[PDB]
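Below you will find one chain, with nothing else, as structure tokens; this is the form deposited without (2-methyl-1H-imidazol-4-yl)methanol, and questions on how it binds or moves follow later.
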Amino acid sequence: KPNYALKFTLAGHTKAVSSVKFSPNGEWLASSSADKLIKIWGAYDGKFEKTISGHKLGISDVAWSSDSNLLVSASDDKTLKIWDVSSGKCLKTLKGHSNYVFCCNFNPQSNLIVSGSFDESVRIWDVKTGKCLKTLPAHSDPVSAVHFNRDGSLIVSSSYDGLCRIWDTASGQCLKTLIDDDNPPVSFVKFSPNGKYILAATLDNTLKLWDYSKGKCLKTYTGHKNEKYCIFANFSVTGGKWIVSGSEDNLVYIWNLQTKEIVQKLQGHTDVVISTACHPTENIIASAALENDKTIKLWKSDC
């Protein structure tokens, strides 16, 4: 149904890309890499803007503040850094995790940051002071993803222990633990835009849409390969309602959300597609690949 075609190929990172994210204002793409760098690119033209540096080791994730002025990055150096994008300044270094920080996000208000780490904990940080507010004993294996819901009241986390958990931001209480028939490692998780559903990726080549309120799996998406890497998944909402994800067979997969059929497979990358992102207003997908490719691709569809 959609017709995403390659528009731009962005080269610059010298090691594996780990994450790509569109700014909320739609003007920019941020990318993180194992080369220890963040790069900023024009969202519509693919034009390289600048590099942001400071981390001592590779970066697994990057996230934008709601006003598109700040980034937060999660690194193997055991820290997160908060960046003022226009100046390039490292505003704060968030110290607390005892091993690799794998995932990070602002809440919608962007006064808080949530992080997940190889040390098996989730941390909630104050953006202004740079202090850790809470440390949640969230999981018994590395934390693969963390995400705030629509109003910042709930946090969802996933882990290689096979659990998705939902946390109350304010109290730090575990409200829910999602358990299916089997519990294979969960490599990614996020709330849906409306906030009633949770999309989770598992390392048995499967994406599941869960009803958060009921605690029941509604839909299942397969065809892609995902047994090893923590690959992002997206809700595409600008045109037709899709689920988007990378794959270890070098393709970007697009599923119809309702019917669960593969509507398109984007060909062009020459290595695992580790990350994808969906532009907030236009029908644009960004995709990034691992170290044998190193490129980021911008794809556009008429619907």
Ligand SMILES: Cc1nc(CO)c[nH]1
Contents of the next structure:
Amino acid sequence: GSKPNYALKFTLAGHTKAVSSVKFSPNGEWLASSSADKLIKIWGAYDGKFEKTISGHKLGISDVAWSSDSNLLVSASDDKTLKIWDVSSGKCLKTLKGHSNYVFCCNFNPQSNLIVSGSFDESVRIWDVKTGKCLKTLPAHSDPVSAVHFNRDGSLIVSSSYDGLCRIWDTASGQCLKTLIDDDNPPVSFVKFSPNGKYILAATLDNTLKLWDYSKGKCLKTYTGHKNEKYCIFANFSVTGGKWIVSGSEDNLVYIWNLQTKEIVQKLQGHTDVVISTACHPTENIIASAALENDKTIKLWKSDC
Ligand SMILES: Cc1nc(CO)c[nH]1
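Now that you have shown the form deposited without (2-methyl-1H-imidazol-4-yl)methanol, what about the form solved in complex with (2-methyl-1H-imidazol-4-yl)methanol?
Every chain and every other molecule in the complex is listed next, the one we just looked at coming first.
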């Protein structure tokens, strides 16, 4: 139908501190979760079945991300490292050392030969997956880096920061192509490219999501109604059914907007703390949501539309 009807199907318990991130594997079979409890957990995407715990970080994890082939994970930790993991063996393949403060955010490129990271040390680093070596350190921002993401062909990186900027980087050279958002404030708490790489979705800590045209550097859409003044809350393009924007909220709800009309089309109730992370299944109309330490659960929601 014209609106979704997401309904709670499973609650996934086991983390002992706040959940920080949830991500579906590109092949759709898994959900990965990261937590302040220093653990990664792997769950069945369709039935929430607990699969395994992946351990090794010495402090909390703020983010986890899948390789394009669903075989590897990368995690970003307060221990100042990222780790590359073989999901099947659960083994740490590489530890990526160089950041001088907490690593907050990470992603593979589509090729999955590179990892990008953002840190409280105000830098963005680009890493070689095969060797675990740091290829480039970008002096990207003047405050902690909240998000990093590659576009569809891997040629661009978008970064965001508490400094109030969103910057687009040439992967190959590390050089800045554009400062897309250029304000002293508000802090930019999240950014990512649209699936086709033409748009950037940006969150600011003034309860606002905006959809930007990268090429023209202009705001096309604004989404409001939710609460976001403190946390770096993920947002998503939902593309399997109707074309939605999805975000967590500091009022403990998942918000779903019509991307084109900007109308709120659903609010998902059930969590008992801030919903810091949401993920959209690559093929099925399924949302994963995760909450902070009063809750510590992941919820799987399913829609007909
Ligand atoms: C908690 C968290 N938010 C982000 C957004 O990039 C990374 N980790």
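Only residues modelled in both forms are compared. Numbering follows the first chain given and starts at 1. Take the two forms, find the largest set of C-alpha atoms that superpose within 1.5 Å, and that set is the rigid core.
- Measuring CA movement between these two forms with the rigid core aligned, the set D76, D161, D119, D180 has one residue at 2 Å or more: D180.
- For residues common to both forms, superposing the rigid core between these two forms reveals a single consecutive run of 3 or more with all Cα shifts of 2 angstroms or more, at 179-183.
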